[PDB]
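For reference, the chains in residue letters:
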Amino acid sequence: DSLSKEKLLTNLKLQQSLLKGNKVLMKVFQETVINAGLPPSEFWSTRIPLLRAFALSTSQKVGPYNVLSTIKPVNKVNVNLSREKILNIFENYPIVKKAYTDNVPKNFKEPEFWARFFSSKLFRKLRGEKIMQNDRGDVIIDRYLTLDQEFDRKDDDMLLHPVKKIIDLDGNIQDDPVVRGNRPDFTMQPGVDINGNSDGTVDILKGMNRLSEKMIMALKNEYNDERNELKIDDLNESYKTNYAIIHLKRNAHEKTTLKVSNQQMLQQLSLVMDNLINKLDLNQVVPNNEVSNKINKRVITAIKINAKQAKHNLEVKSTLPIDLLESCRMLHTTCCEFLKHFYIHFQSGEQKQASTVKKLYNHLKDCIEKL
Amino acid sequence: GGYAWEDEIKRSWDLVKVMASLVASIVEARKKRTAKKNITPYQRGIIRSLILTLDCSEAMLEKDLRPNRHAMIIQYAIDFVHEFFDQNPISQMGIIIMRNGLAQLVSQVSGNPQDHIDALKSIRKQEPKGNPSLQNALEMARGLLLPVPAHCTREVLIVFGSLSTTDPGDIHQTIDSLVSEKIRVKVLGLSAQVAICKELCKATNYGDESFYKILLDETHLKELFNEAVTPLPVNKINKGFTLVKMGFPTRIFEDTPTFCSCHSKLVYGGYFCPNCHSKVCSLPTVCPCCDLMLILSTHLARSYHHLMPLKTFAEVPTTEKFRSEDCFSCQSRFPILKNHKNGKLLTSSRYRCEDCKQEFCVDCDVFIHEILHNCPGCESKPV
Amino acid sequence: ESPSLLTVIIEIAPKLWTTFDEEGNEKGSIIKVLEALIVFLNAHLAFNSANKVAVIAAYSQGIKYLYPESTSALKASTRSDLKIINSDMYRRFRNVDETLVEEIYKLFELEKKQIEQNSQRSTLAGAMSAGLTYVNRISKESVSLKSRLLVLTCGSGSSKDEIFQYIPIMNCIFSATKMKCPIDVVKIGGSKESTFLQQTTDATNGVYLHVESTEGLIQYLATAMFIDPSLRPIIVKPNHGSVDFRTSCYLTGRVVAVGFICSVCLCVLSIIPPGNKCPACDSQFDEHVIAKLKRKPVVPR
Amino acid sequence: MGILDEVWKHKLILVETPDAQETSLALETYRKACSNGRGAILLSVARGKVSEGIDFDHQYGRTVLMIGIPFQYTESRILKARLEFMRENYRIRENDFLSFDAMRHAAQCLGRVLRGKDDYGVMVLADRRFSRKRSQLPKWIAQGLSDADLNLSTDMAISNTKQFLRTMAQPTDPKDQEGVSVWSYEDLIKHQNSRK
Amino acid sequence: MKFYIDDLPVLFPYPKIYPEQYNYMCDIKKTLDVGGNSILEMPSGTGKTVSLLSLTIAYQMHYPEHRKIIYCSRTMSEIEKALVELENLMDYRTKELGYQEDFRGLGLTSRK
Amino acid sequence: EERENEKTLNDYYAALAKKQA
Ligand SMILES: [Zn+2]
Ligand SMILES: [Zn+2]
Ligand SMILES: [Zn+2]
Ligand SMILES: [Zn+2]
Ligand SMILES: [Zn+2]
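Protein chains in written order, with the authors' numbering: chain A, 167 to 240, 245 to 393, 413 to 446, 462 to 517, 536 to 593; chain B, 72 to 89, 95 to 459; chain C, 21 to 97, 103 to 168, 171 to 328; chain D, 557 to 752; chain E, 1 to 112; chain F, 349 to 369.
A portion of the hints provided could be inaccurate.
[What the hints assert, rightly or not] Heads up, simulated BS3-like pairs for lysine-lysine below, C-alpha to C-alpha not over 30 angstroms straight-line:
(1) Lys201(B) x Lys565(D)
(2) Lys197(B) x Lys186(A)
(3) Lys246(A) x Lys267(A)
(4) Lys321(C) x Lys438(A)
(5) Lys193(A) x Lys366(F)
(6) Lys562(A) x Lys355(F)
(7) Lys334(A) x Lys278(B)
(8) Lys35(C) x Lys515(A)
(9) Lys438(A) x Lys35(C)
(10) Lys581(A) x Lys355(F)
(11) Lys746(D) x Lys107(B)
(12) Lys186(A) x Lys205(B)
What the hints contain is simulated information worked out from the structure, not anything from laboratory work.
Using the sequences and the accompanying hints, generate a full structural model.
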């Protein structure tokens, strides 16, 4: 798809946006690609993960949610609308985008359109509130109202599909068609007004069911099972791990670039025994003022070497001025970039690009000449 | 018949009703050690590439974890990064957070732990908000674990604090893609057992349902994060047994600072790469000039102890004749622990190693199996 | 300022010290190094009143503690007051030195009893592990205490570098890095370069010391090994000849350049193993990646 | 009032409709929303189509919220006539039969949700008239209903649900259930020999 | 598995069985031997349908009278669930016995 | 100032886009 290597190499607009974002990559790209003449594909061959991260920083989007449920007032009342909320309103509800297309560029501007929508009956209907005739609504948005009702039947036209027999409730009701028993009373039937027609709460029940169905079905895009469902997982056998087991041999080769008999061993040990039993005079450890001087001299030379090495170890301060230090830093940066490209093309080892490696080699020679 | 408080005094002082007393404490530790009896050297993937996913939603503002879930998960993530790069040095790590339904990358996949420490410290200042998205985080984790080589096992760790997730697409397709790219996912949930996380862990770990972990308290979270630094055992079906070409750099000692090849800054020391003679700042890392791994021998030796773990020490029976009255490693006075004269000799604290038949106390039983990784009796034996 | 523990992992082996006596002009060098060790331990005990001392002798059949004594011998003391060191010195020095020399006496008698068996297995690594366990016990028993290790090994130009000591000693290093316990190495012998102990003392912030003459050893020990852990960061270390931190190959044994390891058991191979199989973990390898590595890099005509 | 506005943040609200096709589509959408971890609530009636036959095993049924005891409409003449006939013939009290019918409907709503002994889920009953009818529940639900759990408020009910869902998520010890809750073949033969 | 209740071999289609299922099976076999009506409560969670079908099929096949079986449910959905459990039971019986015996299992509903 | 740098950058991309097309 769009995340493949060649797509990231060929996406010039994404690379342009990444350069507009980054700051040190300005200096690197300016002093390598602009001046020394690297191919852009060569420069972006080693920075595929950075391009992919910048792509995934903006290409991903939030999941659908009830955006009109979040919009609540706070005499003056204020509501805040983010552009992400506007996009969620457009995605979750096609009727609002339909009104936006033929109302905003034509007659009245965007905030007037949103105020008219929030003061309309359509906002009360899509939120799930009971529609009342005493409310004025808005005379511009309400012409879309029946059209939105059209959308609802088209919603049924994309939602009414046959289901499995595990949860088939239409087969539950129609298990026998000749049920003519006691009619369910008014507690088990939808509520009606004084004239006998429905009060309209079944309308908002169907509306919230339709909204949930639309949210679930929006996930299904490009972005025998009944036996598996009815089987009890506990009564089956537990999972046995199939992890591999290794055994390590310690028959390694010895590192490559005097025999003593037991009688010399034993007589040396006996000499140690008689030297230990008689008098273990500790004062003999004191040196004779010459080997002590030699040992002290060796230790002072070693610690002088170690102190000279470890006297000094954010970059450290230097005697170089800022301009010449920065020139040396950019020359080192472009030389290292050339070296990295040369080595990755050299050890990649395709003959067809091998001559291109020669070009880098010439640039490497120029790098030497540059120094 | 009447009101509740006029019935009778509650009498709270009288509800409390009141030698071999050590045995009840010993049997709990015995039951704890019973779960660790079976052990064998599983093959484990040493070279790891871990993507740590951290939840940063409104559900992370819950007060049930002192002080708040966001800050303490970040602090234990800092500790996790330190332990993970202490015990798995040649691994790589990236950090992704879930915020406002967006997956946010805060650190690129790199072997330097200090960058991840800085990223987590930068996260700790901001506040969590939004509604988390597993699918976006898993998709960026898949993108981050695309360019790592086949010899390196690709792993994703998710600290998912919420109970519901909002996705821009079908998450089962993402699970299928994660399984097809051999990415293993372990999820440490905070509240309860979410279905999609359990299915993701079961699918991406070849049918093992034990990779979805739910904590109990503060200490169990430390236990889980300490368990997570060990490399996961690989399956038998995986055949990516691949040679890795790497070099061992030489630590140079110069009194004149030089330009490093990785950051282009003044560094006094450095490690000369054996392949291209360029110098690097930190270790272990890939060389910026030749794309070759540079590690030390201690970096192999640190993870070498996972290859042959030591068999667990078995507590000796009290009826057996004791080999030694003192420990082999520290000569700790083994307590006779005589509770009473009729109670006799019980629960002797001598622990025997199988390969060398030497006795150790509980202190050395703790130390030889966690910090050290060689039994002193096994190397004292003239084999 | 802060009291410390000093543990001396002394490696006493009659074959190694006999070879050192044969190589050196003098005889009985173990007496001289034991004398230097005793005076050094008395110096460390004089450094602070709350300082503590331990010694492990590693012999050809295993390890044995020398101070403090085997606790049954402490409970029995029976009377074994051998007059090896005079009784008129400072008492805290006297108890430690007498316990050490009595354990030397018992250990040499025990090994003279077992002189008929020649062991090819060196027990320095197990002794270092035992010393680190002792460091753990002393650290967590008393609440803190700094600690240090000392290793008096001998190679004598006879015992070369050994592969089997690679895995244990390395692990010891990390445990030392866990407890901030430096591992200090004195090597007496003709082998100027000992790789594993140098890597140990470099990675544990210790000091390496290779000497050729056993005489005058107390000057060395009181000059360079006397870095107490309370002043480790403020003293620059006299370790010369910095170690390269490399390793050895499995099939050839040479020191390794740019090389290959398996992803299964991490063993280092300087060359591609024959049969496309790892020599240690016995894993089969696919032909594609080893054909990629065996393939020559490109160059134009 | 805006109660459902806070519910819409966490779980999708799905409603049983008298039309059977729309109710079945809502049920399938509820199962799909439970499967992908979005979370959903299924508002249905205890005497309707959903409460009979449809299972809520595993993740489809983590909570069963029984809003009130499901009594019928008493003032309907059909129910009163049937109650009078059963009082005349089968000597069953009217209130006893009404409590029995309401408790059997609530009982089947509670029993639709378990399948498998690894399955878990709380069965909260939100009415003041449930606590007097604990003996009319099925005996397995009754023995699972402790004596301290009859008169809860809302807040400590939430705390108990939190603790229960935290403990049930842990991997159980196979030694703790090897022969007491599930049987292998050899455990079955051992129990047969012990009974003989 | 394959176990025995008195003289009746029961082919249970899972490697493990709950104790409540075994007590249920014993009571059902006792009721079918002694005759007459019975009312049994199986707690949910347990495999009531699968155990019931397993012993009922085994009792039909092993005994020479070969009594037919009527399984009345309250809904079409549980009819489908019972037929799916019957498919699993019959597949296990065919796998264990090595052959597909003379069996007819059909569900009934309206024309719709 | 980075304005001259980004202007020269955009000029380079314009020249490149002229080059491959
Ligand atoms: Zn290099
Ligand atoms: Zn650097
Ligand atoms: Zn011990
Ligand atoms: Zn051992
Ligand atoms: Zn191997």
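Tested hints:
Our distance criterion of 30 angstroms between C-alpha atoms is met by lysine 201(B) and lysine 565(D), whose separation comes to about 26 angstroms. The hinted pair formed by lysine 197(B) and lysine 186(A) meets the criterion: a straight-line CA distance of about 26 angstroms does not exceed 30 angstroms. Proximity of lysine 246(A) to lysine 267(A) is assessed by CA-CA distance (about 28 angstroms); at most 30 angstroms being required, the pair is judged to hold. As the CA atoms of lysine 321(C) and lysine 438(A) are separated by approximately 26 angstroms, the hinted pair is consistent with the 30 angstroms bound.
At roughly 24 angstroms between alpha-carbon atoms, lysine 193(A) and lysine 366(F) fall within 30 angstroms of each other, so this suggested pair holds. Under the criterion of a C-alpha separation no larger than 30 angstroms, the hint pairing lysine 562(A) with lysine 355(F) is consistent with the structure, at around 28 angstroms. Proposed proximity of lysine 334(A) and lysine 278(B) is supported: the alpha carbons are some 26 angstroms apart, at most 30 angstroms. Taking the CA atoms of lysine 35(C) and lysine 515(A), the gap is near 43 angstroms; set against the 30 angstroms cutoff, the hint is violated.
For the hint linking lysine 438(A) to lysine 35(C), the alpha-carbon distance of about 29 angstroms falls within 30 angstroms, and the restraint holds. With a C-alpha separation of about 28 angstroms, the suggested pair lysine 581(A) and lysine 355(F) falls inside the 30 angstroms cut-off, and the hint holds. Proximity of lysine 746(D) to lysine 107(B) is assessed by CA-CA distance (about 26 angstroms); at most 30 angstroms being required, the pair is judged to hold. Our distance criterion of 30 angstroms between C-alpha atoms is met by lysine 186(A) and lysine 205(B), whose separation comes to about 28 angstroms.
Taken one by one, the earlier hints fail for this structure only at number 8.
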